[PDB]
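Q: Residues per chain, in single letters:
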Amino acid sequence: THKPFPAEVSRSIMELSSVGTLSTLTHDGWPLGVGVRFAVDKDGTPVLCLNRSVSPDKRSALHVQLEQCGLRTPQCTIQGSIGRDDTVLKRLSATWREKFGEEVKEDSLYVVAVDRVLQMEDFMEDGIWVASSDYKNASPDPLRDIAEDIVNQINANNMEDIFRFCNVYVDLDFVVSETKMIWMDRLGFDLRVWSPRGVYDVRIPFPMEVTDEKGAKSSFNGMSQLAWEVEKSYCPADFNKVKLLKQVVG
Amino acid sequence: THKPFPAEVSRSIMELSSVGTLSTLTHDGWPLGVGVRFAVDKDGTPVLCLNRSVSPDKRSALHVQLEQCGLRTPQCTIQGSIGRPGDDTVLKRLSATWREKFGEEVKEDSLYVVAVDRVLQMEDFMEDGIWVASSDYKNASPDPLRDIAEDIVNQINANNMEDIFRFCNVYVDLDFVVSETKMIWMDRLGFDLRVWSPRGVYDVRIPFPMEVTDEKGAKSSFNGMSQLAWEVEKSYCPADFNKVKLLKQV
Amino acid sequence: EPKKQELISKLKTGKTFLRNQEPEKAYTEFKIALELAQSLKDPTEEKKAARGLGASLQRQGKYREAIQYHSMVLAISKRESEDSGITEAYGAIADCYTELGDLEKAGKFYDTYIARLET
Amino acid sequence: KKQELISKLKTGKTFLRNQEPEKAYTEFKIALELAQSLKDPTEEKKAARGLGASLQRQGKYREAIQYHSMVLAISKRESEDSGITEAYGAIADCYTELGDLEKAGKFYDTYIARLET
Amino acid sequence: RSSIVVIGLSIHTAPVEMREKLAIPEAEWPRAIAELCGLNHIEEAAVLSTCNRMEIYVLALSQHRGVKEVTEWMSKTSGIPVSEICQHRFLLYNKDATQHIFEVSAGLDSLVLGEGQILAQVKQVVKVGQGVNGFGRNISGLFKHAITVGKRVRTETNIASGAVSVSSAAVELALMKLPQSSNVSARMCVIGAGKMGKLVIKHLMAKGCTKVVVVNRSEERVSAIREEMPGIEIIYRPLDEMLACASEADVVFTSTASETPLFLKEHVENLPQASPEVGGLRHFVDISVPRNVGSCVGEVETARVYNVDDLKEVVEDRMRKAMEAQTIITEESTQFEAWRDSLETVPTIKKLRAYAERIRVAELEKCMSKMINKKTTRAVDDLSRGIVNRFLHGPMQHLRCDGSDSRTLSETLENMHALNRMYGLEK
Amino acid sequence: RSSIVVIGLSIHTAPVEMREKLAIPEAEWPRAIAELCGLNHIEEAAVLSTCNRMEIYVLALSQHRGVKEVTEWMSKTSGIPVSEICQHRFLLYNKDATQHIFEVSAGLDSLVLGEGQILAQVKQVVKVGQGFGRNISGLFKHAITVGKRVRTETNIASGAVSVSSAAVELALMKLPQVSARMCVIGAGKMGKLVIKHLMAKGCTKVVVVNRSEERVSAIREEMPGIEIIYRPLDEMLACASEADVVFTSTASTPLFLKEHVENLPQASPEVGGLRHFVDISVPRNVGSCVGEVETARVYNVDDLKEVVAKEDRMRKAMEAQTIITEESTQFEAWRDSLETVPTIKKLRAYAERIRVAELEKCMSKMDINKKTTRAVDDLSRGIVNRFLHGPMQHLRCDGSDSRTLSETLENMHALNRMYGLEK
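Protein chains in written order, with full-length UniProt numbering: chain A, 56 to 139, 142 to 307; chain B, 56 to 305; chain C, 197 to 315; chain D, 199 to 315; chain E, 94 to 408, 413 to 468, 472 to 527; chain F, 94 to 224, 228 to 273, 277 to 351, 353 to 409, 412 to 468, 471 to 527.
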């Protein structure tokens, strides 16, 4: 496909979001879910603050969401064990404060040892499990902080190109009513197309991988130009259009 | 206090929000947390659409958050058992509420219900929280201002900073000078304010003279307090009442 | 020659008085100018003095009394079938209504005033 | 001959009224030839301002500036403040048609300072 | 900055024992408006007084000082201390003020009067304030449009069908409180056969009441009602037999226009107990403001009193009519305010003329001093006003917009701001 | 419609074997700008060509047609098909464009030129100023300001990996365990920094091949810490034969070929017997297949991305983005400052039609006399001037303040609405 690896998506989610649900066990044996703010180290292992003490079962699971343009919410769940030396404690107590800008009690600092990460693409999805090695090694997407800002700018200032991308880059069988842009990463970007028939999500790839903000804008301007030349008939559309769509329910 | 019962707040959260974390146990015995959309009946009992199965251990916990003006995030957690509705008339009752809440359709092969046994309730993160009996929860009613609370707050914070500042001088006995003050939330009994100052950051609860039942009731009550506060500061009338003293750090 | 020269004198004198904020001293000037204009049987000069009376009342806060005199210049113009000062009349009246706090009524008169600016 | 000046002077404005800049340009030339010959500073600026205006319609903006700059010279040579403000506007009008918004802006800034008095 | 304010005592915020002290009859309406406009920060005023509300709609210069002055007027007129009024005061500002008066005219704010008495009264207020200088145009404009909203809700939604009125709730409350053993078989009595009185008898009949005794001044009035509803037996008695009727009635409905009570404790004490079928309790339901029943007749063991405040008990899944009527209110409330914003450019239209005159006069005087005349003077004056008029016509025309089109209205106000910046009109 | 567009091939999107086909020498800069303006949708043009980028700055009426006309010109100047150019072209529009040239002048992007060569070239581009109108010149002139502003407020330049610097580093990344007999062909601005950054690594002796001997002797006395010996181009193939790694920087077609290196001895067994041809000169001097030789490997300027990457070079980077952001949004503020100018011209045009018509309708009712006509005309122009002065003054705005600029543009919008200046 043209989408980044699920291990990279989980890392991206962990870098952008700051609110998650800490699922744990009770003495009664019942599962319990509590909201909690969290931070992420350089490896990807989550760091959180609790008001409770370390119990006898240390195994827990941290579920984190990321809403994208209020259309799709990719989410992941770190499954592992939680527990409390001052070596790696002074380091994590600094990263937390650097993320939130707030003070932090070192008596309630916990670390969830990643065993595996479940990774979903949206709600009501199956998701693919990710090994703690593939997750630890994967790097967050380099366009994460600029994604929402660029996506929103495109949706308002280049709507002419978004509709035009639906005519020359994807092989659809219906008329376009409305089409907004959902997200954007190093490999490409997703679109949501509306029609009198129904609504789907398409993934249009970049010509080549993007590394920074200037690259994404340059890639978009290149695709916008070609898409314009095709519709205006100045050059042939010498490529295979995107055919893979995806059902969704709005 | 002048704040509504924890049994009522949880009902308010369940009515406003639509997204939660379903904490459940697996065959492995590990707690698993996945995001899930839900709806609420007249009793407060949550109904959700889940794609996972089964689990054979039906013990689960649904965690739901509610962010208020991006300052405070009250959250509750329903603990109980998940099972099919009954494959009868009580299924069509749920398919209608899901269709009325979201306006979308529903796959009925995926309709699960959490049998409420007890509910946890917290005012924000890192808070201990209070358990609520399923009898108190079912009997408690959602706040009559829930659907206008967010809108009415933003309108006050954007059109009524003069009155908000004035409330910090005549309604609360603060032992410092106020730098900034935003309005957090507003319910049937009153409203919460967050005061910023070099001394600290605290949340105060200023109660209405009497209980409010509607939108007109809240605006008339606010305008009444806004009037008195103005007459006091302008010294046209005396302040014959006891100022609020109780604060809360965050 | 003698009476006409007396008219123009007191006429511009009032405008001098209106130029600074002494309307009571101005109202007296146009009052004479109107009386002199009527005896001279000059419709053109009569509506000029009539306009001063209305303007002076506006400065005293006597807006409703001013409208009466601004309506006079309309009657003179309609009787003489000359469209000179009609555009100002509808505008002046709307100015008075604006100060009375009745903006809906004033707006309708301005609406007439705007249509005459064409002309 | 003095009657011939005003004759072709107002004649040129007629062609400018009916968008014929070529026939208008010729008339203001003759009008200038008479205005200089009669030695009247006021009449000279008239034909000169007329020439520049007639050139703007032909697209000859750069050439037009020269004649709009003459009326600035006539005024300074006569110590006269007449027709100067319209010149600064007319010159700035030309630069605006050349796509050069900074020189036009500076020449418009000067144009504002004169509208007062 | 002038704002439309509504101040007063609603049934939801002030008790009947407090509101009745401020109940202004139609006769004193012109006086009340006169006094209110006598205040400094009050320009226009109107008084809306029903059994559910005592509300004063005013047009104020300052919305803080204006309220203070009106609240003081309420105290000096009612005798109630200002502090005690503030603990029960109802207060809304502009867009919320116009929203409220519409919801009242549409009968959305429960309860209703029945048979369209609310709308009939608003017309009457407008009719009476036609001669009143205090009544202004801004208040008249609001009230007149409120009648439109009323007529729209009456015609576009049959919400009035199942709507609970004061009289309706009076019957419902009576059958509710008296023991479930034959709520109708109990002896009924109604004092005062006016608009409120007819609706009591009507709803009694609609619950199966076959016979009712009615006390009233004019017998012709009662006979006019009997000839209207043959489904119920109506017996007429004069006021002379009032206590005689109450003594033979299990429940007494009182509606009249008497400022002083018709029942005091002393008299009800002399009355026998009611039928043992209802427990010997005589239920005095009072739907009048001021009340017709004294406030200590309830102290009698064989007598219980109910005011309009007590009609709140169970006041119905057909509430879709309420939402359909809210469509009308929202449609007109957000359209009336747009019409008001249309008039904000009027003062700017005035200042712009004044700015133009100062220039036109000054330039003509410097022209006339540097200049035989006759027809030439009239021609140069025509040039002087001709240049100005055609120059102003542009901006002037684009300051005037009315006629909805929120987008054109938005541009119109931006035109004003620009004229303020360019010519320094407001500065 | 008008847009400032930057088009071209950067080191991050196109390989060196593709860019060198478009490396336009300084001599042909006026000709390149002349040809580009020969296009319909191109008013102004400029060419920025360094060893890491080929960029074309233009003033386009339509940007979709403007880019196309230029992309074709790039093909008609390189021989590379338009289809292939689009697969490697770099393209930013407006404030993304104005920022990019600022990020280049500040040495913020990619490997740097060194010794302010990057800033010196932009000054040189501006010095070559003939007909490159006032908008492109305006952008480049302001880029010089940003370039020197970053130079003086942030010495980020003193620790940045430069092309010549990375050439020395990459050389040590491929070479084992120096010393190890370095040789540099061509003694220029690049050649200097190659030796300079070579001396700072513990190099005892360096062989330098160059045309001018006087040029080399001037370099030896400036940096007395490393032994520098001179040999001319005649012994270029001989010096390379007595060196383990050859640095080539000149302004030449390739100097070393396939079978010219095959005839060369193997390198010392102390470094693995391999030769490193590091080519930082563009177009290249080595290539295009010399690496086919067993004892020789070629490294282009593209391979300099592999090394290096360590601390404050990202703190200084953020301190420069502060400078860039400041001047970039200040330059666009200056471009928006002139947007009201056409409106001012149209308002005079509107005011004149009324002033003329009312004066012409006046003289028809008035002939006599001499000094009166000049009095009735001054009145006519007196009312108009004092009426225009308000709006006119509030259309001309400059300096900063996001309020005065915002309010001025809204004034233009209103005058357009009120007087119907759109038509």
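By construction, these hints were calculated from the structure, which means they are not laboratory data. Don't take each hint at face value.
[What the hints assert, rightly or not] Calculated cross-link-like contacts (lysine-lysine; reagent style BS3-like; alpha-carbon spacing at most 25 angstroms):
no. : chain 1 : residue 1 : chain 2 : residue 2
1   : D       : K258      : F       : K418
2   : E       : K237      : C       : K274
3   : B       : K97       : B       : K162
4   : A       : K97       : F       : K418
Q: For every hint, state whether the structure bears it out.
A: Against the structure, the hints:
no., hint, in the structure
1, D/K258 / F/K418, "violated (52 angstroms)"
2, E/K237 / C/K274, "violated (35 angstroms)"
3, B/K97 / B/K162, "holds (22 angstroms)"
4, A/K97 / F/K418, "holds (22 angstroms)"
Checked against the numbered hints given earlier, the structure breaks hints 1 and 2 and satisfies all the rest.
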